[PDB]
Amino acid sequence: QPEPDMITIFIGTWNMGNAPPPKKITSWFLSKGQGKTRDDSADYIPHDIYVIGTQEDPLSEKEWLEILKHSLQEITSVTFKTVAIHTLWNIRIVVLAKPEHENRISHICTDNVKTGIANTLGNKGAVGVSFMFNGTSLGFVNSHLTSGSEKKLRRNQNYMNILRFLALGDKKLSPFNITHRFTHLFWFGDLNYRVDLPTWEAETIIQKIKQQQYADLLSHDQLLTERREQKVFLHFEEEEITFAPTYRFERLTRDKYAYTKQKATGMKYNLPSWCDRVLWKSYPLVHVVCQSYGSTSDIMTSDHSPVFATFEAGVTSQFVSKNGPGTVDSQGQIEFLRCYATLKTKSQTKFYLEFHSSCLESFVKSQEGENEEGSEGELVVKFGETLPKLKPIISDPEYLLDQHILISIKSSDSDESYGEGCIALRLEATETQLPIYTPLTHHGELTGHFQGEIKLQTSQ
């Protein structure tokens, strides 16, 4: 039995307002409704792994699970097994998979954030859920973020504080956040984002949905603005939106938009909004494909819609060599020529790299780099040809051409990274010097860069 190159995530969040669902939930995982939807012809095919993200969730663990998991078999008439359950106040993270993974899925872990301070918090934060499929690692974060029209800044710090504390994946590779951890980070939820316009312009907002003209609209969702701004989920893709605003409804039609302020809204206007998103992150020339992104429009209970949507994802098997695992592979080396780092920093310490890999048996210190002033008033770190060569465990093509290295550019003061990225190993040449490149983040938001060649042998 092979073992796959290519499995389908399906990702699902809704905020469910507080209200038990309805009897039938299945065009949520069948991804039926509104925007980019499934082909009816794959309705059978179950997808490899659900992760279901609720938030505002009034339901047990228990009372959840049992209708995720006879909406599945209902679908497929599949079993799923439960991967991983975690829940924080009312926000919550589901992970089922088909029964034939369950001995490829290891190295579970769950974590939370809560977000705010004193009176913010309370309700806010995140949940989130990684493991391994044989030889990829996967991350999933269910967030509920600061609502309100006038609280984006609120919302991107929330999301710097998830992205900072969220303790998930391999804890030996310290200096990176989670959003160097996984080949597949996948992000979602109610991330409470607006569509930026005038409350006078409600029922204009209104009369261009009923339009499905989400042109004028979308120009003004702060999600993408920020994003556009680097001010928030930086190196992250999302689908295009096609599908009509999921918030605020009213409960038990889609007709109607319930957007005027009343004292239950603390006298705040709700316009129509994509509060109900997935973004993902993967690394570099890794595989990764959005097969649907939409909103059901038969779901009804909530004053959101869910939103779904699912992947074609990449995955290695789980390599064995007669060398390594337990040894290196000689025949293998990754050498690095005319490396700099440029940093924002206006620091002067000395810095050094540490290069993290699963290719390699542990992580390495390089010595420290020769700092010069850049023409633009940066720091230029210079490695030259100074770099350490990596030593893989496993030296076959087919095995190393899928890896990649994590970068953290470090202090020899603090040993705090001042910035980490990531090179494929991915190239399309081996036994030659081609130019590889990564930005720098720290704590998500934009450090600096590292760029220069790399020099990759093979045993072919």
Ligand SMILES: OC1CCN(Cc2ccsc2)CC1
Contents of the next structure:
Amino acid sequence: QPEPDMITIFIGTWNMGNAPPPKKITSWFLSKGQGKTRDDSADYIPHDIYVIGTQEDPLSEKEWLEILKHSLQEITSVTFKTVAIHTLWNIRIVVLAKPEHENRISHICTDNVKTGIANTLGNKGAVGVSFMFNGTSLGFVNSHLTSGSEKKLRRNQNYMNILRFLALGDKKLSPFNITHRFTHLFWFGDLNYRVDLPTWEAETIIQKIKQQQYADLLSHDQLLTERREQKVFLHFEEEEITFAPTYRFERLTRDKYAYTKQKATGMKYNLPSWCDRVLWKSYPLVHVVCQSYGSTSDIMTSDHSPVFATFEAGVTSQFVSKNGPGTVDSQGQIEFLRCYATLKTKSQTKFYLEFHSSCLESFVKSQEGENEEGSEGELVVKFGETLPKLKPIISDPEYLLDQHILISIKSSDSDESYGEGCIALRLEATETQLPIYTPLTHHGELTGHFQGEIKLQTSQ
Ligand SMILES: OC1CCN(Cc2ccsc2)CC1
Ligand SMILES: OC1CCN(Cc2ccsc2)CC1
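May I ask for the structure of the form deposited with this ligand bound now, the form deposited without this ligand having been displayed?
Next comes the full complex, and the chain you just saw is listed first.
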């Protein structure tokens, strides 16, 4: 049985509105309804991994797992295995995988983050799961962010607290937050960003929705505008939205949006919005293709409609050579040459790098760079040709060209990371000096850039 080089991943997000689901929810897992939908001819083909995020979930873990497994069994005739389930309050993540994947999946981690302080601590936050699938790390975050049209900044703060504090993936990657720990990271949930138009325009918005004319509404979607202004979700992707707003419906139909202020809403309007979203971030030059992104039309127990997204994701095999794991392969080397970091910091400490990668036996710490002033105010940290030659565990090009080097630039004075980034080894050539580049972030915000040249030697 050959190991796969591609899998498909189902991501679902549904704010259940504290109500039990209807007896049939198969449309969700089939990516049928509105938007970018899945071909009927694929209905019996199981996805490799199903990741289900709920919010306002009233069910027990046992009750929901029985509904999910039954649903998938009815669709596919496959009995899925439970990889992980984690619940914080009424926020839940379930990961299911085809039984043939059970021995391919390892290093399963779960965690949660509670957002807010005192008043604002008690029902919003995130749950997450990570694991290895053969040689590929996968992370999944289901977040229920702060509600209300006038709280986009709070949502952005919730996002930063979740990516800082959610402890998933390899703990040895200590300078790196979840936005750098995984080959593929999927972030989804009731992100609660709204269509930011005047209250008076509610009926106009509803009209536009009935005409399937989303352009003048998406131009006011807070998640798209905040992302465009680099306020949130920097370096994440989202498929184009081609489905109607998923919130806020009258229950038991989808014919009516319930937007008017009520005591039950705290006297807030809920103009129709795309609250329910799926975003991703994959390491550079890894295959990831969105094959569906839409909402169901026939599941009406909640004031939200379920959202689905599906992905092709590249994966690699668990490589063994005669040498590594457990020694270096002297036929392999990575040289980072004429490299410099451009930092936005106004500090004047010395800086060093750390190189982290599962292609190394352990992380590598450089000597200090030489600080210079840029012409527009910036700190430039020069490394010249002083960086350590990296000795990968396996030199085979079919392994090494699929790997990535995480880079942290750290203060000599404090050992704290000022910036994190990632470089692909999927080069156009080996034994050749080639340009490399990564932005650097810290707490998911842009803090600088790293650029220079790489020279990769493989056994070919
Ligand atoms: O693909 C990436 C670069 C191009 N964009 C930037 C953008 C446009 C609206 S929101 C964020 C999407 C992410
Ligand atoms: O000749 C002096 C300046 C250059 N260094 C090397 C260097 C370059 C970037 S970081 C360290 C050696 C001494």
